[PDB]
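Colleague: Position chains E, J, D, C, H and I with the ligands against the provided structure of chain G, taking the given hints into account.
Spelled out from the first residue to the last, the chains are:
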Amino acid sequence: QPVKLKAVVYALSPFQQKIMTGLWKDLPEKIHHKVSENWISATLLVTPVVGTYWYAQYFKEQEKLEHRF
Amino acid sequence: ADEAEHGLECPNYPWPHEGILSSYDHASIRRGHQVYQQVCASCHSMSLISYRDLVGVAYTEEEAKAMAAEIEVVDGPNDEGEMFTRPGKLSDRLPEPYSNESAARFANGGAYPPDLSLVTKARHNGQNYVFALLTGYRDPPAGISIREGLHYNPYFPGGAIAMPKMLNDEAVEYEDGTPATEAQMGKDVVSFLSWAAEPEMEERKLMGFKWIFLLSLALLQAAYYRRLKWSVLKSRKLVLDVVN
Amino acid sequence: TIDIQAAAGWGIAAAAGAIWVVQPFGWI
Amino acid sequence: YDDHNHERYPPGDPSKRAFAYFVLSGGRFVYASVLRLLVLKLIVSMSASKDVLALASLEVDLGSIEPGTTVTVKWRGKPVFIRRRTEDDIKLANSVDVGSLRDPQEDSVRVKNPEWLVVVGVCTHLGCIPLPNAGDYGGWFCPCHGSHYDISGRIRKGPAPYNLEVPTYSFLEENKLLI
Amino acid sequence: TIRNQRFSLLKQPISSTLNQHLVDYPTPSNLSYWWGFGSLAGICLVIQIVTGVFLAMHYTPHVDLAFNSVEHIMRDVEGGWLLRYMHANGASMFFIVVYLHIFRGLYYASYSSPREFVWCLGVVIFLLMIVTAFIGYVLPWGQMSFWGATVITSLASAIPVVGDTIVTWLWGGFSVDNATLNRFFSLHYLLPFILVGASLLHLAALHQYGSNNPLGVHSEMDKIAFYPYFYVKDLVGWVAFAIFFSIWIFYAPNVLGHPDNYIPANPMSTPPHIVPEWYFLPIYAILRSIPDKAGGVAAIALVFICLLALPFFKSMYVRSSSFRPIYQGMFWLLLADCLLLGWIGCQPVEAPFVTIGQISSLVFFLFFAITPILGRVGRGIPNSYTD
Amino acid sequence: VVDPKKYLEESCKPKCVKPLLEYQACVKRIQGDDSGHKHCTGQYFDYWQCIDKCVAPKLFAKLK
Amino acid sequence: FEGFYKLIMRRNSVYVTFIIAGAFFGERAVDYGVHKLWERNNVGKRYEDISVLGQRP
Ligand SMILES: CCCCCCCCCCCCCCCCCC(=O)O[C@@H](COC(=O)CCCCCCCCCCCCCCC)COP(=O)(O)OCC[N+](C)(C)C
Ligand SMILES: CCCCCCCCCCCCCCCCCC(=O)O[C@@H](COC(=O)CCCCCCCCCCCCCCC)COP(=O)(O)OC[C@H](O)CO
Ligand SMILES: CCCCCCCCCCCCCCCCCC(=O)O[C@@H](COC(=O)CCCCCCCCCCCCCCC)COP(=O)(O)OC[C@H](O)CO
Ligand code: HEM
Ligand code: HEM
Ligand code: HEM
Ligand SMILES: COC1=C(OC)C(=O)C(C/C=C(\C)CC/C=C(/C)CC/C=C(\C)CC/C=C(\C)CCC=C(C)C)=C(C)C1=O
Ligand SMILES: COC1=C(OC)C(=O)C(C/C=C(\C)CC/C=C(\C)CC/C=C(\C)CC/C=C(/C)CCC=C(C)C)=C(C)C1=O
Ligand code: FES
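Chains as they are written, first to last, in PDB author numbering: chain G, 4 to 72; chain E, 64 to 307; chain J, 17 to 44; chain D, 93 to 271; chain C, 2 to 388; chain H, 6 to 69; chain I, 13 to 69.
Hints in this document: simulated from the structure, not taken from any laboratory.
Heads up, some of the hints might be wrong.
[What the hints assert, rightly or not] Below 25 Å or equal to it, Euclidean Cα-Cα: the simulated DSS-like pairs (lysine-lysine) are:
| # | chain 1 | residue 1 | chain 2 | residue 2 |
| --- | --- | --- | --- | --- |
| 1 | H | 23 | H | 58 |
| 2 | I | 48 | E | 268 |
| 3 | H | 43 | H | 23 |
| 4 | E | 268 | I | 18 |
| 5 | E | 184 | E | 128 |
| 6 | D | 268 | D | 170 |
| 7 | G | 63 | H | 43 |
| 8 | H | 23 | H | 69 |
| 9 | H | 33 | H | 23 |
| 10 | D | 142 | D | 108 |
| 11 | D | 133 | E | 268 |
| 12 | G | 63 | H | 23 |
| 13 | E | 128 | I | 18 |
| 14 | I | 18 | H | 69 |
| 15 | E | 184 | E | 268 |
| 16 | E | 292 | I | 57 |
| 17 | E | 228 | H | 63 |
Bound conformation, chain G alone:
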């Protein structure tokens, strides 16, 4: 079903704008935005993997040492 909208949109021709410089514009703010909003998610993804890997290597090392004469 079509939606009934009321809006005014102004647009500029693609050949009247700079195309690429906006990628490296306010880069530190972009990095801050990515880190600040996503640090909990990154922690939840990385910590179990690294913790389990480290514990497995620790277990393997101690087990190898225990079987050594």
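Modeller: Frame of chain G; chains E, J, D, C, H and I with the ligands shown alone:
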């Protein structure tokens, strides 16, 4: 038991064919092939390699032709219906030391010397592993005993291999006068084996460099194209009635 | 009198593409 | 205009259309090259392999056969016809008009010793192998589309355009051929 | 308007279906790059089919010739090395792209109503992909091929009464032999075409309602045509994928594989380490975490049962993880757990990895057990968080 | 002449003194039999893993 | 770039011919440069650099 079962890990050696723009050392390939045909071939087959494969890699066409002519290849049957013998040609595969796998086992105390055509691709860290195994025959650790007919090699899983040490000093003589120490022949024979397992490597790396560079240029163009097409949407100003 | 020029342009394009896919420099 | 992603050029600036098309053509080069490479890689993967090309040249020696008969010998898939023609056969093969022949050839330029004819036994029409002592010319009849060859292995009637191919043969002695 | 004359050729009956399904199809303007992986997977499927058709011209499905025919493809046919490396690593690219696709669907709850049928068809497609890739991996007839075929055909023996008869029917004999390889070849040519049909049905089901979007909201007010905007976005994705695939093909063609499959199949000796391809490792881990044949097979089936039952859970009416902090955290934990299961599948079956595998399998099933509870509880959020 | 790998193996020992001493201690501790089950494989492996790591970067420079 | 535009972009046939020519010549140039880098990086290791090539008894 615990550590001997998997074996000792091989080190990382700086092979001349390592690197995104690094080729084989072809003189080392030729030296490794002479090591093969003078030491390895009496027990290991290389059923995937033909004499034509060496042409333009380590030998001229006449050199490989004479090489093949030196060997006796079965052929036939003739018009009378019998198998006969003929000189080898460029299209012949390298000769087999034994008639079948059972003969190989019978000649090597029940162990089968594996075909070495893909051995560097058929083992983890293959080139380093083969070099370490060949140069890694030494005395066993204290308290470890090896049954007769086996030799201690910590690189081999279990530590007891049916191969005797074969890369003894000056076991070959080199056409270029390269001193044939055990390490030198080990490196040369591994170069030859690595070429045998991956003869397309140089073409593959050249293709890779060329097309990855071109595709990176294409990616820059694609990004510009996408952003050019989307700029009219991304910079648009939208006015709507709603506030909260 | 533009369809003829379009045909000539596209014929040049087709020839250029032919020499490019097959690259018959060792045969000419 | 929103300027978070794009900054506009000053109003009234000349359009950037030409620069844009120039930039896009660079990546268009790469796209065309990639497409050409992948298609040609598939086409050439169907071509003859190296093991196949390694078996495209050899030589075989032969002996002698009684007159009036033909023996079909081998090579690499191209059988060779060898026939010892009698004197009457030679006379019959030397009394025909050259102009009437579809492919103008003489008897002598096809034979070294007039007592033997060595040709490749593949029809020049579509690759079939002609039947000996068949056809209405005393030579070879092709069972596929009815190509007829005479004593000298020359096409007379049928779809095949050329006469039977003559390989490189010689006589090391009275009873030894070689190809 | 009365269509007396011909307008755009795109709107003529010759092209109208293609136009309305591929050029003018309305698409939410805020789709991110995570929405290009469906097109990437379609491209991977076409790449696999093209390379496999050309490779089948040179491969011999016989136990006495299969290994040698592969080697002949690598050494003798021109560009053969490229065709093989492209098929073998394109299977891996296909699975990488499809896994990213699936986890995109999980993060944004794209499985929820009205797109349940899309998700179910995707699950069927995933099963088809798994079977296709496995039987394809049998074809080189290396050690890995033979022993993996042995265990997967043996899986049917978990059934008490008729399990053995199914195993022997799958083999075509009392052991994995030439009959197994020949039938696996036919199946390998066939299943890709069924995959194409299933993917088309997947796409049609998705266009019933249109794509979901990162906000998870109704998107009818801000849709734009697929061509050219999402065409050029997917093109950026295709070129980046091409660079990735080329890196794998030309510089690391064997890193995503095991050297054991370069040894011809030996029915006498099982290799000391026997693992499937990496994209099957999580299922391997879930299988081995159960110390019971039937239990392991049942857990493997329960994985797909949970995947199929996911869209039909009574849930809250909020889709996107961007507005669901608890579900978002659970999704990231599930991703970590899946990576851990993959890593565990590569390990020998011994301590401490049995316990770790068991706990990881439990966590994986807890995701699907907990999501419905989250939906039921979060139904009450709008009545408890008042302005 | 003389194989460079053995010479390098002997010259790399001062970098691997700790594993070498531990292996020697293990050998002394098992000089008694105890039914021929004791061994020093792990310490042997540690010592040779250090020696091989030291030797590998320098061997191929002396080779052609 | 407007001068080059008036010769190459005015007609799509010329533009397509230009793209084909660019593919041809650019791929050749890149191939040549890559081969130059390869040769410069592997001095002495080529088959043609085997000292005893042709000298097998
Ligand atoms: C014989 C004639 C030449 C034949 C080749 C024609 C095609 C040439 C390829 C294009 C080369 C020029 C590339 C752009 C140069 C400008 C660099 C630049 O400044 O970046 C541009 C954007 O350009 C790009 O993004 C780079 C895209 C390059 C595409 C890759 C080219 C491919 C080369 C092909 C060569 C053939 C070899 C391959 C053959 C298969 C900035 O755009 P804006 O942000 O809108 O403006 C910023 C404002 N200010 C101007 C002040 C800086
Ligand atoms: C983000 C851009 C778009 C997507 C592209 C993704 C790129 C990000 C990286 C993705 C991961 C790449 C693959 C990860 C594992 C690869 C590493 C590996 O497995 O090891 C291999 C080694 O990996 C590599 O060699 C990496 C090669 C990368 C290609 C770099 C060459 C660039 C050529 C063109 C230059 C591009 C410049 C662009 C400028 C605009 C094998 O090593 P080897 O010792 O066995 O063999 C030695 C020989 O060198 C390898 O063949
Ligand atoms: C694979 C399955 C895993 C099984 C896990 C075992 C059982 C655990 C199940 C719970 C999932 C664990 C992860 C849950 C925590 C996620 C992290 C989180 O939500 O913290 C938020 C903090 O706020 C909270 O959500 C805390 C709430 C605590 C829980 C309270 C429960 C009452 C609400 C019940 C509602 C139920 C439905 C909710 C739907 C979302 C994030 O804040 P922010 O991102 O908006 O900004 C802050 C940051 O600095 C910048 O990014
Ligand atoms: C320089 C010469 C040689 C090289 C490079 C070579 C190479 C190899 C390689 C790579 C292996 C595989 C080891 C593994 O499975 O990990 C092997 C095993 C073997 N080799 Fe050779 N070989 C050589 C000469 C010989 C000779 C002369 C003999 C017999 C007199 C021999 C007999 C064997 C046997 C029996 C095995 C299997 C041992 C076992 O599995 O216990 N080899 N060799
Ligand atoms: C109709 C299309 C296909 C054909 C005709 C085909 C054909 C083949 C052939 C002949 C082989 C044996 C040669 C070789 O090992 O390289 C093979 C192997 C394989 N195929 Fe396919 N295939 C098709 C589609 C697919 C698809 C869609 C997948 C992934 C889902 C796939 C995955 C594989 C895998 C993993 C291998 C083993 C690769 C290896 O290690 O060498 N194939 N295929
Ligand atoms: C050969 C494999 C597959 C192909 C070719 C394919 C193709 C596609 C395409 C083209 C789209 C629309 C564009 C996009 O969202 O990326 C899509 C969407 C979707 N696919 Fe698939 N797909 C495949 C596998 C799967 C699987 C395995 C699942 C889940 C188990 C799945 C579930 C979905 C869902 C839920 C959507 C809707 C996404 C949204 O609206 O946000 N697909 N698929
Ligand atoms: C060490 O062990 C193991 C392996 O080994 C190395 C493996 O690789 C894998 C990998 C396997 C996985 C993930 C599952 C494979 C799943 C299925 C369903 C494949 C079974 C299908 C087969 C064999 C062919 C289907 C046959 C049909 C349809 C018959 C046709 C009949 C008619 C048309 C009438 C696992 C788990 C494993 O643990
Ligand atoms: C709104 O619209 C659109 C989308 O957003 C939902 C899209 O996602 C995509 C991009 C992705 C697509 C269409 C993936 C399609 C994937 C499939 C079916 C996998 C295999 C592809 C094949 C073989 C095509 C099969 C179709 C036909 C007719 C067979 C004949 C074709 C050939 C011989 C190649 C496009 C182009 C699109 O416009
Ligand atoms: S092939 Fe002889 S007439 Fe047709």
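Colleague: So, against the hints stated earlier in the document, which numbers end up violated here?
Modeller: 4, 5, 8, 10, 13, 14, 16
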